[PDB]
Amino acid sequence: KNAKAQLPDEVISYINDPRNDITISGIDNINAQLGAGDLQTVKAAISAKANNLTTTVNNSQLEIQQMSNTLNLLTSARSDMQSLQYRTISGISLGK
Amino acid sequence: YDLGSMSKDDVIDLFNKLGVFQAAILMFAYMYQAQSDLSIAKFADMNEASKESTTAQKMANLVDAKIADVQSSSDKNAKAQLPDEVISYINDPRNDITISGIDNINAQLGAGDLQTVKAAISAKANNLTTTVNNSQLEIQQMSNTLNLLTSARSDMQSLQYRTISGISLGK
Amino acid sequence: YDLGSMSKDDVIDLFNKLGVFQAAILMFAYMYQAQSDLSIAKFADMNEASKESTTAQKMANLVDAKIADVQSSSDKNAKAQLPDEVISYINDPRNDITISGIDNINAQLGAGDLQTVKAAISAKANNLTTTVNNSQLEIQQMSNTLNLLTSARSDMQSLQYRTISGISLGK
Amino acid sequence: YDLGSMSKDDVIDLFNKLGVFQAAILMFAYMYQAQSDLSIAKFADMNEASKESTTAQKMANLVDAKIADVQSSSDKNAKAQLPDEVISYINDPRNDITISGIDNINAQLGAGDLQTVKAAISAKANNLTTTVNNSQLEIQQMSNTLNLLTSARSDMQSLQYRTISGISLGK
Amino acid sequence: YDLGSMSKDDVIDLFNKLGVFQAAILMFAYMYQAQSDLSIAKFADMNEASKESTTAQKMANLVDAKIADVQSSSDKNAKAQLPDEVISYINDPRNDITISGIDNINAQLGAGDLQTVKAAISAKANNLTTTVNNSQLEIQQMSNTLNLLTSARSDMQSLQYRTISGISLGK
Amino acid sequence: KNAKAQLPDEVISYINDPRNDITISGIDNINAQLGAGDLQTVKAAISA
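First to last, the protein sequences are chains L, A, F, G, X and Q.
Reminder that position 75 of the first sequence reads as 171 in the entry's author numbering, one-by-one numbering, no gaps.
Reminder that position 53 of the second sequence reads as 74 in the entry's author numbering, one-by-one numbering, no gaps.
Reminder that position 111 of the third sequence reads as 132 in the entry's author numbering, one-by-one numbering, no gaps.
Reminder that position 133 of the fourth sequence reads as 154 in the entry's author numbering, one-by-one numbering, no gaps.
Reminder that position 38 of the fifth sequence reads as 59 in the entry's author numbering, one-by-one numbering, no gaps.
Reminder that position 44 of the sixth sequence reads as 140 in the entry's author numbering, one-by-one numbering, no gaps.
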């Protein structure tokens with residue numbers, strides 16, 4: 097009914113960090129027994145941490161528009177002084 | 022994310038980092054989790070009242086095999102012993118019969134001993150109109166709101182899309 | 022930049038330095054900040070009404086472990102003590118039961134003592150249809166306008182681009 | 022380029038070499054890769070719940086060939102053996118039947134043995150309204166944002182063109 | 022904002038500042054507040070008629086403990102004193118019994134003294150079919166309109182959104 | 097839960113100048129505790 101599989105705590109005990117938390121007792125290599133209550137809730141908590149993507153498009157989409165529009169203006173203003181510089185000097189003929 | 026351990030002002034420091042819309046979905050998904058945990062815990066108690074019956078009427082069929090052997094014999098009473106390996110589950114949190122010492126007495130009265138152990142043990146198995154009577158009002162109040170807690174979360178997930186999708190970079 | 026401390030005529034001295042378009046975005050971003058602070062503070066109160074439930078039904082499971090030990094014994098009442106280390110959280114801003122002195126009495130009545138402490142403490146956990154009833158009108162009025170305050174700010178940020186981009190130096 | 026191994030300040034040394042626009046596309050293409058890896062891993066679990074059905078109802082057709090041979094005979098029960106080479110896949114992580122030792126007993130009851138092995142094994146195959154119920158909210162939230170992550174990347178790729186195309190060498 | 026103190030022409034100076042739509046929601050929210058204050062005040066009077074019963078039948082159980090002690094003794098009448106610390110709440114706005122001076126007389130007649138103090142005090146506790154009879158017509162008229170006052174306010178809050186959302190700045 | 101990091105006030109107390117302002121109490125080397133409410137709003141003001 098339960099096969100006593102130990103967790104790969106060499107990686108999956110990275111929970112002891114700035115991380116999430118599970119409301120289950122002492123975890124360290126207990127030969128995790130409940131495939132429906134122990135192993136099925138460590139994944140169902142650790143994967144809901146991985147849904148942090150619609151929150152970063154929501155937060156930073158207004159300011160990216162305001163800071164990418166002006167970069168198109170700061171290139172195209174510099175590329176116009178570099179042209180007016182050419183036609184200013186190129187009309188000056190030495191001697192002639 | 023659990024919110025059963027956090028303080029109030031800590032949660033506001035979690036919502037401001039999240040933005041306004043992801044605050045709302047985390048508010049409704051935590052509201053949906055607690056009602057869904059409440060209703061499933063309610064369905065567990067009703068299922069015990071059914072599980073207590075499918076073992077109850079199971080034993081009553083086993084006594085009926087012994088009434089098939091008492092009556093079919095030539096004598097007035099055939100001395101059939103009870104299957105006490107299962108049917109002496111009465112010595113438990115259970116019912117009770119007002120008949121003397123039961124344990125493997127080669128049960129003699131097909132009309133007074135075997136006919137009343139079944140007629141008591143099967144009336145224990147009628148515990149079903151009492152659980153529909155008790156839990157039908159509260160199931161209505163806790164299933165109607167689940168239709169509201171899904172359909173409120175599915176509307177913030179749409180307003181989230183049309184809020185951002187009107188923002189065109191450059192253009 | 023905060024505008025909750027400034028006077029009115031000082032803000033006009035801040036807008037004229039900024040130009041017309043950057044005035045508008047600072048007007049809408051401050052309008053967006055105050056509505057977003059208002060709604061998240063509203064979601065905090067609804068989340069307390071859910072957080073008050075996930076501790077409420079947690080304790081009711083703990084009393085059900087003791088009803089599993091009262092009834093399963095051989096005697097009529099098994100003298101199970103309450104887990105008062107948690108379940109005497111009733112001495113707080115909480116509910117109340119009309120039963121005498123509770124503290125570790127080896128709770129005897131599985132049908133009258135343990136069956137009514139849970140049946141009171143779990144009806145405290147039904148505080149969820151009352152918060153959807155109260156806060157569903159105002160959430161609509163404060164989420165519709167956030168879709169307008171984003172989409173007004175994202176239009177000034179575009180008109181700002183096409184205003185300046187038609188200006189060619191030299192040429 | 023992987024960004025799951027790099028440190029933060031190393032990535033800024035990768036962005037400054039790249040320029041501003043190629044920084045943005047590498048930011049969105051890595052954001053698109055992780056959401057697409059998340060959703061396909063979600064669709065894998067739903068497909069296992071369908072793959073568990075197309076083998077389940079496959080075996081139930083095989084028991085129906087044996088009910089075609091039990092009933093069609095002249096005797097009251099025709100002694101058809103089960104195709105245990107496949108249908109004894111029950112000895113696995115599977116379901117269970119409350120009937121005695123099954124292995125090639127020349128299954129006799131077309132109404133009580135063969136009619137309940139199918140009626141149990143086919144009710145295992147109804148696991149489809151439970152997966153649409155569970156995963157329809159989260160599929161909406163993870164498919165709406167993919168339409169945003171494509172259409173944000175396709176706008177930086179256009180602003181990149183019109184930024185450089187206005188630069189004429191010489192002229 | 023209160024409108025129970027303002028004059029009529031002052032309120033029109035409050036509506037014109039507000040605009041047309043915010044005028045309408047403040048008109049319906051004040052209409053919703055007064056009906057909700059009316060109905061809750063109506064439910065308070067019905068709850069007093071129930072609260073007057075749960076103390077009434079509580080005392081009748083206390084007299085039944087004394088009838089358990091009068092009859093169980095060997096004498097013809099056991100001289101049980103009333104619990105006058107609670108059951109002499111009759112000296113109040115209450116009922117009345119046509120029996121002489123009551124105060125701690127070691128109540129002798131289990132059939133004529135203790136059997137009529139309960140049979141009077143419990144017929145006071147039957148005041149429940151009279152409150153459903155009186156307040157069932159008016160509860161229908163005041164609950165139907167609350168469904169209309171919510172659903173009128175939730176329609177102005179939507180027309181408000183689609184009025185402004187079609188206005189695109191610049192473009 | 098909070099590691100008590102002091103601010104580099106040798107530079108970051110340049111706020112006491114013609115500058116911006118934060119609506120948070122007395123700042124000077126308090127071993128800044130809230131990574132989400134103290135350190136997360138001094139940057140979110142100074143970068144805007």
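Everything labelled a hint here was simulated from the structure, so no lab data went into it.
Please note: incorrect hints may appear among the correct ones.
As the list claims (entries may be wrong) - Cut-off 27 angstroms, straight-line C-alpha distance, at most; resulting in silico cross-link-like pairs (DSS-like, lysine-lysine):
{"id": "1", "chain 1": "G", "residue 1": "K87", "chain 2": "G", "residue 2": "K97"}
{"id": "2", "chain 1": "X", "residue 1": "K72", "chain 2": "X", "residue 2": "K139"}
{"id": "3", "chain 1": "G", "residue 1": "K29", "chain 2": "A", "residue 2": "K38"}
{"id": "4", "chain 1": "X", "residue 1": "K139", "chain 2": "X", "residue 2": "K87"}
{"id": "5", "chain 1": "X", "residue 1": "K100", "chain 2": "F", "residue 2": "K139"}
{"id": "6", "chain 1": "A", "residue 1": "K29", "chain 2": "F", "residue 2": "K63"}
{"id": "7", "chain 1": "G", "residue 1": "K139", "chain 2": "A", "residue 2": "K72"}
{"id": "8", "chain 1": "A", "residue 1": "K97", "chain 2": "A", "residue 2": "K139"}
{"id": "9", "chain 1": "A", "residue 1": "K29", "chain 2": "F", "residue 2": "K38"}
{"id": "10", "chain 1": "A", "residue 1": "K38", "chain 2": "F", "residue 2": "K63"}
{"id": "11", "chain 1": "G", "residue 1": "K63", "chain 2": "G", "residue 2": "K87"}
{"id": "12", "chain 1": "A", "residue 1": "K63", "chain 2": "G", "residue 2": "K145"}
{"id": "13", "chain 1": "L", "residue 1": "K100", "chain 2": "L", "residue 2": "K139"}
{"id": "14", "chain 1": "L", "residue 1": "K139", "chain 2": "F", "residue 2": "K79"}
{"id": "15", "chain 1": "A", "residue 1": "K145", "chain 2": "Q", "residue 2": "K100"}
{"id": "16", "chain 1": "X", "residue 1": "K87", "chain 2": "X", "residue 2": "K63"}
{"id": "17", "chain 1": "F", "residue 1": "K72", "chain 2": "A", "residue 2": "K38"}
{"id": "18", "chain 1": "A", "residue 1": "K63", "chain 2": "F", "residue 2": "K87"}
{"id": "19", "chain 1": "L", "residue 1": "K145", "chain 2": "F", "residue 2": "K87"}
Status of each hint after checking the structure:
The hinted pair formed by G/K87 and G/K97 meets the criterion: a straight-line CA distance of about 15 angstroms does not exceed 27 angstroms. Restraint check for X/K72 and X/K139: the C-alpha separation of about 18 angstroms stays at or below 27 angstroms, so the hint holds. Pair hint G/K29 plus A/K38 holds up; C-alpha atoms about 20 angstroms apart against a cutoff of 27 angstroms. Proposed proximity of X/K139 and X/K87 is supported: the alpha carbons are some 11 angstroms apart, at most 27 angstroms.
Pair hint X/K100 plus F/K139 does not hold up; C-alpha atoms about 40 angstroms apart against a cutoff of 27 angstroms. Of the pairs offered as hints, the one joining A/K29 and F/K63 holds, with about 12 angstroms between alpha carbons and a cut-off of 27 angstroms not exceeded. For a cut-off of 27 angstroms, the pair hint linking G/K139 to A/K72 stands: about 23 angstroms separates their Cα positions. Our distance criterion of 27 angstroms between C-alpha atoms is met by A/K97 and A/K139, whose separation comes to about 20 angstroms.
A C-alpha spacing of about 40 angstroms is found between A/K29 and F/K38, which places the hinted pair above 27 angstroms, so the restraint is violated. The straight-line distance between the Cα atoms of A/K38 and F/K63 is roughly 16 angstroms, inside the 27 angstroms bound, and the hint therefore holds. Distance restraint check for G/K63 and G/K87: the Cα-Cα separation of roughly 39 angstroms exceeds the 27 angstroms cut-off, and the hinted pair is therefore not satisfied. Distance restraint check for A/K63 and G/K145: the Cα-Cα separation of roughly 24 angstroms lies within the 27 angstroms cut-off, and the hinted pair is therefore satisfied.
Note on L/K100 and L/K139: the hinted pairing holds, with a Cα-Cα distance of about 17 angstroms set against a maximum of 27 angstroms. At most 27 angstroms may separate the alpha-carbon atoms for a hinted pair to count; L/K139 and F/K79 meet this at roughly 22 angstroms. For the proposed pair A/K145 and Q/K100, the alpha carbon gap of about 65 angstroms is over 27 angstroms, so the pair is violated. Using a Cα cut-off of 27 angstroms, the hinted pair X/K87 and X/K63 is violated, with the two alpha carbons roughly 39 angstroms apart.
The suggested pairing of F/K72 with A/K38 holds, with an alpha-carbon distance near 20 angstroms, which does not exceed 27 angstroms. Straight-line distance between C-alpha atoms of A/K63 and F/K87 comes to about 18 angstroms, which keeps the hinted pair within the 27 angstroms bound. Only pairs whose Cα atoms come within 27 angstroms are accepted, and L/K145 paired with F/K87 is rejected, the gap being roughly 35 angstroms.
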